[PDB]
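Just the one chain here, the form deposited in one PDB entry, laid out as structure tokens.
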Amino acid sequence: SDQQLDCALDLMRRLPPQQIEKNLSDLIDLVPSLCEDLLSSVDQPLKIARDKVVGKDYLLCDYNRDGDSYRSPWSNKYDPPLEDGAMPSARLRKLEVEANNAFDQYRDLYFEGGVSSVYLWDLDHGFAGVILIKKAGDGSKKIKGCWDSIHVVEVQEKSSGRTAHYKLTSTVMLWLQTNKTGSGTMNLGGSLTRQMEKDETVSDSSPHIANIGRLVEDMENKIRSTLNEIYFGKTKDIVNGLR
């Protein structure tokens, strides 16, 4: 059991990253005891749902789940309907709507498409939030790809609200596929997880969302360069050392 957790995590690091969902399904089917422990440690590609009140897409994770229902960031309603589903406070929901709008613009500026969603919840000495971004590359028989990123941020306030400590845990899941005549079929698949702690001043001009925004932006920019130049470039050098 506890040792099987070590083996299941190891097996996920070695199986092809483009089949995370199918592998976790087959892995949990093999050992049902780990159904709870796997999903808590390995991130899955995000699924999309349509808000039925205002007709906008939003992304599903455990943080916006309650039972078998998911809460929409747009209408703040559960789907399937829940009479008494977990809601954020009025104060935090206001923040949540501003964070969704801000990262929506962020998504549009860096991704030019896809879907983004933000969910906040309260902690004893602050609040936490998730930022989810999904961008699929569809519309070509020969060139395919998909980006999924998940950002878990923890906010702790101090100095009577003038400074705050931000803890950020980010995972990017990326795959690319080209089918060309010279290079045949090429599949590149990756996942990268990184963390970042930081103190930032909280003011009228530098509010929590601006701090979280700059934090997520720097992390995704850094993870994109790392995936490209350190990790994908390394596999290229390995290819040129095989022959």
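The term rigid core refers to the maximal set of C-alpha atoms that superpose within 1.5 Å between the two forms. Residue numbers count along the first chain shown, from 1. Compared with the form deposited in another entry:
Just one residue from the list 34, 202, 215, 46 crosses the 2 Å line for C-alpha shift between the two forms on a rigid core fit, and it is 34. Core-aligned CA deviation for residue 177 between the two forms: 2 Å or greater. Residue 25: CA moves 2 Å or more between the two forms after rigid-core fitting. Relative to the superposed rigid core, the position of the CA of residue 193 differs between the two forms by less than 2 Å.
Please move on to the form deposited in another entry, as the form deposited in one PDB entry is already shown.
Next up is only this chain, free of partner chains and other molecules.
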């Protein structure tokens, strides 16, 4: 079904990015057997839920989904409650808590608002996780904006143990919409995906969270610049080539 999967992924590169969730839903109705393949290969816009026990927002994606429930990174439980939802080891949960606090500060520094969430899961020979950041503009301004960062990190922890291999796959979706007298409605939307891999020392001076933090920071800064160039450079150049 590789030919069909190739067509599905290509089609998603072409349908208007303003309609992602809808298009992916339609695409699975169109090819039901490709469901797991598509849920696993196509990134979806992040959604917010409220953790009422701690009074914090958290982010929903397929990475913290089990059946029809989602796990909060603050309270480490599913909503709605589940019988046996997937949860991290005690070991990995401590790292997850530390990473959530680290990325709240990182979000506060680069984004000055919005919501973050980190979800980690155990692997046979290490672990993996996602770092999610959502920032929306002030929607009382004629110019509305949403940024979603989805950074997947896969860590192979090598016995021993003072070394690890990090693979980082990062997607940023960025949407801007303005409604002005002069320009009518303008909707600029899309996403960019980048990947990197690196071996790093793991120590007290360089713990997993610092290694992952620097990879994410380096990658997100690079993606921001690429988006700046494509969104406000390249598409503007094309428009002006039309008239």
